[PDB]
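Student: Now for the letters of each chain:
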Amino acid sequence: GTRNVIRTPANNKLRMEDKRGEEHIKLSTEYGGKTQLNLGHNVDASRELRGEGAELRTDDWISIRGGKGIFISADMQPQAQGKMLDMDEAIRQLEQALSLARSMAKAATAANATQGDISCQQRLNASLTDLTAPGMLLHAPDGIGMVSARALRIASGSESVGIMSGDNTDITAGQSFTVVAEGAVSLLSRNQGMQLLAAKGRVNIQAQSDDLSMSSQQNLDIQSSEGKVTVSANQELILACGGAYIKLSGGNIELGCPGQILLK
Amino acid sequence: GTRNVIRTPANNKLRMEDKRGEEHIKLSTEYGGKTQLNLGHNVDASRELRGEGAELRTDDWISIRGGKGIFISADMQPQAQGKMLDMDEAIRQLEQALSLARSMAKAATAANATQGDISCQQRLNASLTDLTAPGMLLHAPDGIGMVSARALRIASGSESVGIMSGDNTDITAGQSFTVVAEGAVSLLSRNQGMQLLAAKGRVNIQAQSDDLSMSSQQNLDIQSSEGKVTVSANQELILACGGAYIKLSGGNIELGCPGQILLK
Amino acid sequence: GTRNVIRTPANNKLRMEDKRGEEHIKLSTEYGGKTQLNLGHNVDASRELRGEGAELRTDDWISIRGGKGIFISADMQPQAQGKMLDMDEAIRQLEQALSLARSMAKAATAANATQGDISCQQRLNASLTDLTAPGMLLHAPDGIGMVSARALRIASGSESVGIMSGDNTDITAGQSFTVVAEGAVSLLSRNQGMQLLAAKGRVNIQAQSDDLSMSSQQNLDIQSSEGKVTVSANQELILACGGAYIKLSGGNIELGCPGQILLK
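Residue numbers (full-length UniProt numbering), protein chains in the order written: chain A, 491 to 754; chain B, 491 to 754; chain C, 491 to 754.
There could be a bad hint or two in this list.
No copy is singled out in the list; a pair is fine if it fits within one copy or between any two copies.
Mimicking DSSO-like on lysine-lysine, the simulated pairs with C-alpha atoms at most 27 Å apart in a straight line are [said to hold, decoys possible]:
{"id": "1", "residue 1": "503", "residue 2": "573"}
{"id": "2", "residue 1": "509", "residue 2": "573"}
{"id": "3", "residue 1": "690", "residue 2": "509"}
{"id": "4", "residue 1": "596", "residue 2": "573"}
{"id": "5", "residue 1": "690", "residue 2": "754"}
Hints listed in this document are in silico derivations from the structure and should not be mistaken for laboratory results.
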């Protein structure tokens, strides 16, 4: 009743369940656990619903190989009406991310920050839009979670990794956040400033083989709240303001000013 | 022998291999290379094992479209016993990441760092848990690798990108690490301090239109090991410690202290 | 004509289209919208091409569960010639990312930066290579896009998140870039220096319970372009260069030098 089964003696089966409102197709082999494709109203052995939709499952490996590209999408396309690669919302996301990156790259240029790699991201947009190149596009309207107890790797071998967020980009490290860049490290805040804080542990800022420049347009405050402040130069220590200066150089101290030197 | 084949003249085939311990189902069309679904003990033309499990393969595009959400999981569910969306380990990962982010957000508040966006990550937990919203959940117990020779993009159009690690979060850039935030850039180390190091190249720290404050509770050391230290103010340069002060302002130098000024 | 259909009264169908050069297989159930597997030259109801390759689609959930690991790959394997888990290009990407991370870890050690977590990434390489452990490997030769209007999460519960780029790693936050590390925050630029810039907003650098050290090998410049520079110590303020020093401590000012003190 309402079950059409092509079953082999080895229990390779193609089962079609006809019960209206609970139709399903099961393509199942006994190898690798039950390696199965379950479509529709998927039930267990006791015919209780164990899931709705499409399940590709195995105890062994799963390989999904698309020579022209992979589109994995949580975007509803009811009744399969539309192209297989209909990705309008994913394309909107790609364009939004790219335009955000481009506007931020202009902002970085204006602030003399190191610009991002717009070229490879624009090329990625071209590649992934309609998957004209064999890329991979993962899109979900309600968020994507990539999780593992073990390590995760996101790696571009030859090009850039771009992370775009309309909101925050939050990194939470249970141990440490480390960046090694072969070229530059550039952090640009556009509106709300920058906080570089160690709740505990030493803060060490080094131009190990070059100049260090620390400037503000407005007031610059350097403070040790409970300890010492030591400023040491090897060649020359200069404090200058408004024509007045104090210079420590050679083995001399020079206090020069156009006005008066007052000792109180 | 042990091979049931529904083969069409165009070589559309549904093959069921019955050989015990090496059962497989092959659903194959000649279009797009061999566009195939291979289940179980998958063999090549010479009947040698080319893979175990489920293979969806084509020379053309692959589209995986789930209107209610996509669960891609390397979590063993032997004999398909359990719900199709049984995601207990993935849910544990989501909860662990969220609780880590929340505890770190409290820590950021305590340290006056810019807090992360907990709201969208909590909403993401709600969405992805059992895929109650059409999200995408990728979980593997032994790690996830997302790799390409070309560019990678991880982008949230309207919400936050959250990266959580029980261990380190390491970024290794073959060229440069650039951050442009529209709001704030906030780096908080909780226990082991902060190292901002340029092995080569200039270190430039600017509050381009605002105040810069650099403070330590303990000793603050500013040093040029081989060059000069220049401290310049536009309005007023003040060095103060213990009631003593040196002020460079106007065109004057003022050395004030309640004790003695000693020149040696 | 050229259409072999196993159709049930409930419209569970296995359709094989034999038209040469446009062959396709359709496995379709009416449940969950049209929950379907479409292989090959996939057409709509009016027999117009709606996509080429393999489509797994449903209005409900999609579950892809591989107990031994998931390989999702946009790597062409023409005519299914080769192993199901043939991942030579993906393995090259994994090795390239790992070797980049290792060389950068050595560089971080040389610069006294906090080293990254190479161990878990090396273990991830071992796990994902041929999927010897149940990991997940996503590889596309032409780039990977992971996008959502909603939040994204990349999380390792117990291990590290590694981001590797042959080129830049760009982060573009529409609101804020926040890092909370339980241990250290370490930014190492190898060649092109470091820019920590707030176009607007206060720059705040704090060793909240420890020492702060700011050093350059070459010239160190501290400047307020339009405001004041204030240097305050609690215990002792020392400016030293070439044997000369100015010390503010107790309530005293001491100017000591082996040469001469010149007031101009």
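Student: If any of the earlier hints don't hold here, list their numbers in rising order.
Tutor: 3, 4 and 5
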